[PDB]
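J.: Please construct the entire structure, taking both the sequences and the accompanying hints into account.
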Amino acid sequence: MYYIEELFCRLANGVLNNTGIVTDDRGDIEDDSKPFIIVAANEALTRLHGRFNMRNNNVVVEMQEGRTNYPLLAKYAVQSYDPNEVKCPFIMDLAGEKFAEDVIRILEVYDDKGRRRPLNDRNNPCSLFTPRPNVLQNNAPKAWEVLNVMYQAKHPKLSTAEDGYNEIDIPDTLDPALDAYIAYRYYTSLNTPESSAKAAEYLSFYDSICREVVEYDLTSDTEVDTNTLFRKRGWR
Amino acid sequence: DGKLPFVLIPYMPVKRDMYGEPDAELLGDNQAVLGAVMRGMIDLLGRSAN
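Line by line, the protein sequences give chains AA and PA.
Last residue of the first sequence? That's 236 in the authors' numbering, and every number before it is there in order.
Last residue of the second sequence? That's 407 in the authors' numbering, and every number before it is there in order.
Any given hint could turn out to be false.
Stated by the list, open to error - From the structure, some residues in chain AA lie toward chain PA, with a derived Cβ separation under 10 Å:
| hint | residue |
| --- | --- |
| 1 | 144 |
| 2 | 229 |
| 3 | 236 |
To be verified - With the C-beta cut set under 8 Å, the calculated list includes, among others, these residues of chain PA facing chain AA:
| hint | residue |
| --- | --- |
| 4 | 399 |
| 5 | 403 |
| 6 | 404 |
Said to hold, decoys possible - Counterexamples of contact, computed for chain PA against chain AA with all Cβ distances above 10 Å:
| hint | residue |
| --- | --- |
| 7 | 367 |
| 8 | 372 |
| 9 | 374 |
| 10 | 402 |
These are calculated hints, taken from the structure and not from any lab test.
Ideal Cβ placement from N, Cα and C applies to all residues, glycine included.
T.: Below, the structure written as structure tokens:
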């Protein structure tokens, strides 16, 4: 983990060392050009967390009577809901761990009693459904039913504001991939043909780094488990 | 009779010995090898997706 300022220094003394958006001392990016990097940086982090299952985070959802669709939005969180239009929040989080709507793909759902709940099983009456990728639907809200949703999560969105996040938590082996994508976005913005050729090199380099990580499995992406169907099938 | 009332009957007699050898003495290795093959066949079928 490191501050976004270190990212600015690394870009200043890295791929963007010969650009006009760096300071005279090569210590930081130009202040007016900082939001350009921030937008690209968030985009790059989203792609990395999609190809690689690096972060697995879980959330707690409380079933409310008379409600079937449960969007996973921060406006329904207890720490961020507005009482004027929301009767009561159903997403529970902590003051220092506010929900940031980092949901990418739902993996599994367990209720408060410890039973696995099938998802998108059309032939199963008790199964849950997801009409939208970030919306959870329950067709039978009970009295004290509480659901826990474990999902693949993206990195929290960076922001230059003081209250916003200002740290990066990614495997250090993917740092060249992050720099390459940011460099690709910058050089692609310039429409000069010379910059276009340079932009493609970084994008190709970024893809090469990603496949190298997959080839050696440096992020423990591959997962195996002991066989259980042998007992269930009754082979004995 | 004037001697012990016990009678000894060996299955496979041993040269100058009382206790004989049962058939389990010679089949110790064969049973273990056969068991390994049978378990391997079941594991191949059982663990396979079907």
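J.: Hint by hint, where does the structure go against what was stated? Just the numbers, ascending.
T.: 1 and 10
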